[PDB]
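Here you get one chain, nothing else, as structure tokens; it is the form solved without the named molecule.
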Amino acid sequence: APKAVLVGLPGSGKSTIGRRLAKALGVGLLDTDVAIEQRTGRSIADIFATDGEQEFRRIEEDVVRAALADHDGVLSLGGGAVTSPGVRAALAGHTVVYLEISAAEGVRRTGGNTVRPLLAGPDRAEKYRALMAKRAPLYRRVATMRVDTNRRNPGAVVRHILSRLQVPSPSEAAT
């Protein structure tokens, strides 16, 4: 079972944090969005467009359940997986790290490299805020470790997690 399952919104640093955490632990990194494409040979968008949302979610849940069973390292969950009741059920009992950010912080961090993100109009930021209002309550439900990542360097976030994922040395009996 995974050392840590990472959840959060775009802008939470989830990709970078996952890689860095896996590097520090020396464990494998499995991203469920990548795994779905590797197992189907179809892009995320293609699946949505042809089989529909519900079928994408069923495929994703199968992938997530298999990873929870078989993967020992860091598991990075796609951003909509927790909308599936079966995924929230399957997570119970796992170590689930929620990289928590505010709506304002998320909007800032998903603006990209343009200097004047406001000039493109409010629609993208409004859709982001809507997404956070829907997703954040579900991430708080499934979390076992909430980590405030607002204005923190990704290395500090990794240290915070590592200090709360320590494993004692085994006894003689265990060895």
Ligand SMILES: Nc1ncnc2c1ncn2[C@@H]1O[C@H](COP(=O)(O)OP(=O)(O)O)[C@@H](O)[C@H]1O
The other form holds:
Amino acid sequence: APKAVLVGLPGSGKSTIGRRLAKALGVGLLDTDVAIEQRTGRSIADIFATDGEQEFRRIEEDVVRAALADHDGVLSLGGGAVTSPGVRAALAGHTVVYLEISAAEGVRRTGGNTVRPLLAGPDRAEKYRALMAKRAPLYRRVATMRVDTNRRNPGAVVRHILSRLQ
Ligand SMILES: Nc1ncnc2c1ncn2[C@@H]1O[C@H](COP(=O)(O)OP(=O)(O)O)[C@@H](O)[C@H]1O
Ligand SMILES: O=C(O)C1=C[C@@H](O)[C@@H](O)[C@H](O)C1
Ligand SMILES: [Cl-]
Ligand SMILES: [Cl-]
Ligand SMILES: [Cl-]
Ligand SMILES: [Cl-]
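Now the other one: the form solved in complex with the named molecule, given that the block above is the form solved without the named molecule.
Following is the full complex, with the preceding chain placed first.
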């Protein structure tokens, strides 16, 4: 089982906190977005473009179940993995860290970024708020620990998690 599984919205810091947390614990980071691109040979945007979200979600659930069984380090899930009921069921029993972020800050963290299909293009603040309203209940449901990241720098987030683990 991973030492920690990180969930939350795009820009909440999964990739960032995951890397820093894994370094701290001296384990590997498995980022499921990365794992998907290495598996398929394709970019996430290109899977979404040609195959669509539903196919991305099926591939993502396969990857996630396997990593939950086989990975003993830190595991960072894609931001929308919790929208899959099978991912949510696979997460039961696991140490799941919900990185919380306000929409205003989340928007600003993701602002330069053009590699997220569900956020790209215009009207980003609206789209982000809509994602947060849909998913917040789902993150809260799978989480065993919640960490507010709005006013915390990444090293402080890591230390907060470290102190609450194990
Ligand atoms: N606690 C934080 N304080 C400041 N910036 C952060 C924090 N967490 C993440 N970031 C920044 O936000 C951006 C998105 O982080 P990322 O780790 O890729 O989020 P996710 O994987 O949840 O999409 C990155 O530039 C990262 O440096
Ligand atoms: O919010 C989402 O559904 C996504 C977030 C990213 O982590 C990637 O998994 C992908 O762009 C989908
Ligand atoms: Cl399984
Ligand atoms: Cl590991
Ligand atoms: Cl299950
Ligand atoms: Cl984007």
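Positions refer to the first chain, counted from 1. In this text, the rigid core denotes the largest set of C-alpha atoms whose superposition between the two forms falls within 1.5 Å.
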Check your understanding: For the list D70, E126, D62, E53, which one shows a CA move of 2 Å or more between the two forms after the core is fit?
Key -> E53
Exercise for review: Inspect the rigid-core superposition and answer whether the C-alpha of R146 shifts by 2 angstroms or more between the two forms.
Suggested key: no
